[PDB]
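Protein chains: 2
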Amino acid sequence: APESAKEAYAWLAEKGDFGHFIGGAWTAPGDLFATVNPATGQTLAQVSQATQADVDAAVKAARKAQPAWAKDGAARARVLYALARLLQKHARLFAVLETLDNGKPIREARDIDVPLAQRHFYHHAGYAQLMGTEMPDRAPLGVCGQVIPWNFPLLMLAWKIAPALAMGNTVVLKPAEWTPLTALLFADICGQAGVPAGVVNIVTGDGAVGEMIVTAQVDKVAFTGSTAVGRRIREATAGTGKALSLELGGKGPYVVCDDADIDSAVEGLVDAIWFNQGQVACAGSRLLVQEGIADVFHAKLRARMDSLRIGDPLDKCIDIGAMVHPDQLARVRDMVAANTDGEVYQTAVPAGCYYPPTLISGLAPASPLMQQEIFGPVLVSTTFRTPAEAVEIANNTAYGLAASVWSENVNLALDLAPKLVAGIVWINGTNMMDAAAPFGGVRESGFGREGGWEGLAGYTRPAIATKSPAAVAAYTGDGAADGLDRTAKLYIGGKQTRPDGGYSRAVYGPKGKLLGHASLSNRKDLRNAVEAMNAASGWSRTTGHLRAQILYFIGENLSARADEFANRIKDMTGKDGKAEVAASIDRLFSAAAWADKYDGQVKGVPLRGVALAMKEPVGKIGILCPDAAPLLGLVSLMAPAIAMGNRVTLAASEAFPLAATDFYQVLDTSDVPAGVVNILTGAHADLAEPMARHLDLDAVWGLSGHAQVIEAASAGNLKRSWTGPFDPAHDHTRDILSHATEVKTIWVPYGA
Amino acid sequence: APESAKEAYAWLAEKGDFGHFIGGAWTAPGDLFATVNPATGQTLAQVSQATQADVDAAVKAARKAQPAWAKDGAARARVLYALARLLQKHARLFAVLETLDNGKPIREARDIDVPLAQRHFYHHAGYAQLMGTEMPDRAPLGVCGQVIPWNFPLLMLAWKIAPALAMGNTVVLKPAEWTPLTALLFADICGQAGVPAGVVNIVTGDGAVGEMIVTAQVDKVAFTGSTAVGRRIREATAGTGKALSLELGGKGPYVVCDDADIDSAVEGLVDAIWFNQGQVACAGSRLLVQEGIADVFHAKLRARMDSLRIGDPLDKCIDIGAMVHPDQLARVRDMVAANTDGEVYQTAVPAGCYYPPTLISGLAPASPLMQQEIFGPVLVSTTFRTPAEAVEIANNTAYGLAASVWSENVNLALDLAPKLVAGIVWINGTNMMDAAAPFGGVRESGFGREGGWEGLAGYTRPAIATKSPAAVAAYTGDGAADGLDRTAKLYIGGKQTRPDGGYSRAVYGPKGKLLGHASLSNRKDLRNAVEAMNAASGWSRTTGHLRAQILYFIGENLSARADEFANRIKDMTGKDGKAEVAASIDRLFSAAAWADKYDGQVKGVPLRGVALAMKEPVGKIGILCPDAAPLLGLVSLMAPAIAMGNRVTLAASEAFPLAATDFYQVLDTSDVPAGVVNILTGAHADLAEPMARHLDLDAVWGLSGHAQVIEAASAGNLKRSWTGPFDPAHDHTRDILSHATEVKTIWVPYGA
Ligand SMILES: CC(=O)Oc1ccc([N+](=O)[O-])cc1
Ligand SMILES: CC(=O)Oc1ccc([N+](=O)[O-])cc1
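Those sequence lines, one after another, are chains A and B.
Per the entry's author numbering, the very first residue in the first sequence carries number 15; after that it's consecutive.
Per the entry's author numbering, the very first residue in the second sequence carries number 15; after that it's consecutive.
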């Protein structure tokens, strides 16, 4: 007999038609639309489509409540703990309501969704308690606008609300149009938990309401959902100064080596067929099986698939529930109808809201379906010959979120895991989640991390605000001919090169004296620099010891020319340059120091083993330097970036380019490998959009303005972006290390 | 053709008879004794036996130089980097001199000893650079007295001097009597590196000179050597306020499972035979082989041992050098002569200063050789049937330093590693060392860690001093009989218990009002508490989440009785108790927060894989609370200790015991597992020595005085000790987490 929904129905009846939860109170129901149980077609409740005025009021209430909420972290901790206690007390109600609203099996809702939501609040309460003492250099961002998908309604809510509240922010959150009910129940327990009025605001509606929230006067936007919508959100927030995190697409590859525990790998896959829907950090949808075991693996997988029970989601014996909505059923049907490759195996005939577990096997490594978007309870599979080929297939995508690797050999499993492009890799498991273990994407899977200490940075700002120096116009001057050869070039791929466009501008000092000429770089020069960075990919695999040695050489070699660099700075700016040179040397030595000291973090989890939140390079970074600090600005951004294993191309100070061109000889003398540091000079209006747009750059740092253009263009490949503030006079090294790294969490067996 | 020693002989001829290196200068040669090349028997140089006056002068010069040296971390980083560059430039000289002085093969000196010493200085330079910004809460200790053994003379020097200088301390270091030369060459390069006069002082001599240094006016003593000497150093420094680190005995077990890569495990072990001598954190000397592979493993081991080349250590093809001194040769011969068990395999007949690689196999798990000290190039081996038996055998020692585990299976290797009592565990390797990876012991292998961020705490003090409150004499009263039942008891093993001795004292308020009676605990009560903590060993294997939940309950249940506890405090002290109760609740919630957030640190290393510097519980801690803060002192020490997975026995405030006895109900209502928290009341003069002596306690925290008695008694089992300062009104939570944890560094394969 299925679980009783009587208490869920009673709550829905008490709530009647829903308005919104704004300023601690329930508003009048407005423009109502039915929310439907997908398993039965029956209307569960009427829910409102929020108006622009509703969003405005929600944001105004969050803004009003934020200063007093921010003031006492211990008080926030008690509230987060109370919320966790209420989720636990009402766990059966939350679980039944989630099944009624979304269609998922009640067994998943009770055993996974609700317990993980509870633990997220329990765990994050402690971050509120410790923020003042352990993060004293950090402060809240303010108001967060948050948008979540329909696949895990309550758990997605927890992943958004818990860290935001812990760090002293208030929230305006919209649940997915199809699944509002558990978010409304969460709203309904906020008063009992002591959530002060306006600290949590929940508004309901379609994507138009999501766009209203994203474009509202919020300090942070956090979104989980499709990559296509993430691009639109990046564009709609470009130039606003908003903090932005995106958890996007990329259902993960599942690599099964010849020496895997076959039966366990099969069981983890079958247990994930229902889970791996919508946008969530998961693995198993793309199956990569080594040739030697492929036939036995598929035979076992089909047999285990046949045992999955499809039906009434309120029955705790059911494994496969109802599809969330008829539009999602149509998506899966259409995907199947459009595919012509492979062999299709389904355990049942599709009937009503129930789509059967489906395996599409026999695909080639380059088939469209291995890389195309997947809908429904569907797995696609291919084979591989060698572990190196598995890595190649797994990484042959625009995505990089979660992945799973199966092997019984301790050496092979730990060799494969770090080579996968991903923010999460599970060894001998899949879909393992904990509040202490960060998760998030690289590439087109987005950016930012949710969970752990690592997730808190994205909900905070520096406690002491820095300000980027104002732009400086280049000096003008006479323009007489130069009979000497004083025309500086570009530095690309370990050698000087002429600008592709052939042009240079005269550089004058503060009194109008001609100092020399500097090249005007173009998009072709940038293309050449990116090619050089691609050739230097081995730098991203060097040891920290080696990178430290190089940075020490750079510092020593600049020190040997310190007087000369101070003189060049004074020639260009009219101000003594000794202090800027000393600071630049210091930045190099601090970056050298950090190159082998920026440690990953080991997470104890209440699951099997440990989660290793590793630090890895971002990859290739294009950087635009400020006008001020002609040497220190360049060195301050270059040095931490290469210390962390990235390759960089920097557009030097537009106004004062000749300190950076003098720096070419320092790079050469220091044996900086070709392509690790490339330097362009010239007009940042020519370079900002090409650098932010470039599909082969992993991050763009624009510290000379053009923030809107840079952030909008970054949506092409969803590269990370940083547009300041950046004050070169201040030591930003540690903060820059975070801009210069990604967190990759590897889950490993561990006997403690 | 052996390596040329011409330059080494020329340096020795230049320096002639040696004095000491004090205040930046070489002192006159004094009471001279020959230092002898063990391979040839020839005198290399005459070296002085330092006098008390020499030690005093070295300490005085170190003290004079320290304040200026502390001021500028960037300047120290330049000096440390210059020392590393000098070790590298002169690497061939350092390596030859090490071989001449100590007898080790030149191949080891060139490939291992000198490179690791260079790397230690390169790496630690960066900590000097970063100390001001990344460790702003820390300051230098002052002057460090440092004593090192003869097995790795230069490398042992680097492990001592590099962190000490990085943290702004100055040093007085004595090399081992038998191997002074590379330390004297290190002294001779200090001027060239820019070491300010007196920042490094090197004095030579025997153990009497070592004792002079340890008992001198130094702030820190750091020693590597025998456990027996470590005990004497702990006794000689007891009650002086000196920081102390000890890296002692315990050559490590080498666990070879049935599914190990046998050839790799054999090659790793044969390559370690020469290395595993003296006191160093190594593994291989105690071979534990699973029964199924024991015969094949030993057959391969004997064959590979036969390939080791013994002879002139200046020949780069040589694997087994000369024993360091005839006294060490006698030690190994006598050990072999004393053994009557097992089967002795030696690859050659002993001859001159050369003792052959030796395998003593077929021993029972409880054989004299399996547990007693090992000398020479000697391996001892036993077998095991199950991995659980391997763990029992490996842990059946008074030691816990390094260990190695060999298995190809991902589960078994990572399951065995946390179960071993050790500060270092290598998976599928041995003797892996890096400047960023901490190493150190538990149990009778000592305490403290060398290397990494983790090693720096032992070379620093809090920048802001805390002061322990003055003792408070209990109030007196008339002595009338109490017609009511107000005699508090003890709390041991989950229940209240009568004091074994049967005595209680009257407790009076400030004006003489009888408040009740409190038990006078005795050594038997402590014994019962220790037995209860042993029964609660499962607490040390719980999840952080579980421990957080318990601490949250304690905080909630104290909150529910807040007025009652404030009233009890005011009854006893005459001062309002509300703020003390509020602080106590805060400490509980901060410890709850930390219980699942005190993360281990992942070290990138230039070797194979990664090193995981994990946090583990200390185990069982005995704690003596101050008189002041009758509730807050107890709660502040208890809460972070249990949050980190320890079990504790606390002696409550002697003057004001009744807040702690009221707290028994809070523990019971909060479902604290039996034996995790035990509380004794009574006179700390009765309890301090028994707690510090107890051989079944892993640490003693004495925050009520008795520092000399506690520190001297702790030498029995070399338990960790903390004798303050401790101000209950100060939030010590973060520092207490460090007192309450050990660092265990697990080296694992990794493909990045
Ligand atoms: C801000 C923007 O450009 O578009 C959006 C479209 C839809 C949603 N949504 O709620 O799914 C959010 C944002
Ligand atoms: C301080 C003390 O009690 O004795 C010592 C004996 C020997 C040494 N040593 O040079 O190895 C150091 C200290």
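Among the clues, some could well be false.
To be verified - Below 20 Å or equal to it, Euclidean Cα-Cα: the simulated SDA-like pairs (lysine to any residue) are:
(1) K103/B - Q563/A
(2) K433/B - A550/A
(3) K509/A - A550/A
(4) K592/A - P620/B
(5) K85/A - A597/B
(6) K629/B - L621/A
(7) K433/B - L621/A
(8) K103/A - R622/B
(9) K103/A - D685/B
(10) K103/B - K85/A
(11) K592/B - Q563/A
(12) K433/A - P620/B
(13) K433/A - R622/B
(14) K103/B - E570/A
(15) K509/B - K481/B
(16) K433/A - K592/B
(17) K103/A - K433/B
Just so you know, these hints were derived from the structure itself, not from any lab.
Here's how the hints hold up against the structure:
no., hint, verdict
1, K103/B - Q563/A, "15 Å, holds"
2, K433/B - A550/A, "43 Å, violated"
3, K509/A - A550/A, "14 Å, holds"
4, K592/A - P620/B, "36 Å, violated"
5, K85/A - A597/B, "18 Å, holds"
6, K629/B - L621/A, "17 Å, holds"
7, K433/B - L621/A, "18 Å, holds"
8, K103/A - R622/B, "49 Å, violated"
9, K103/A - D685/B, "19 Å, holds"
10, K103/B - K85/A, "57 Å, violated"
11, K592/B - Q563/A, "56 Å, violated"
12, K433/A - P620/B, "17 Å, holds"
13, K433/A - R622/B, "15 Å, holds"
14, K103/B - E570/A, "16 Å, holds"
15, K509/B - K481/B, "35 Å, violated"
16, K433/A - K592/B, "56 Å, violated"
17, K103/A - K433/B, "37 Å, violated"
Checked against the numbered hints above, the structure breaks hints 2, 4, 8, 10, 11, 15, 16, 17 and satisfies the rest.
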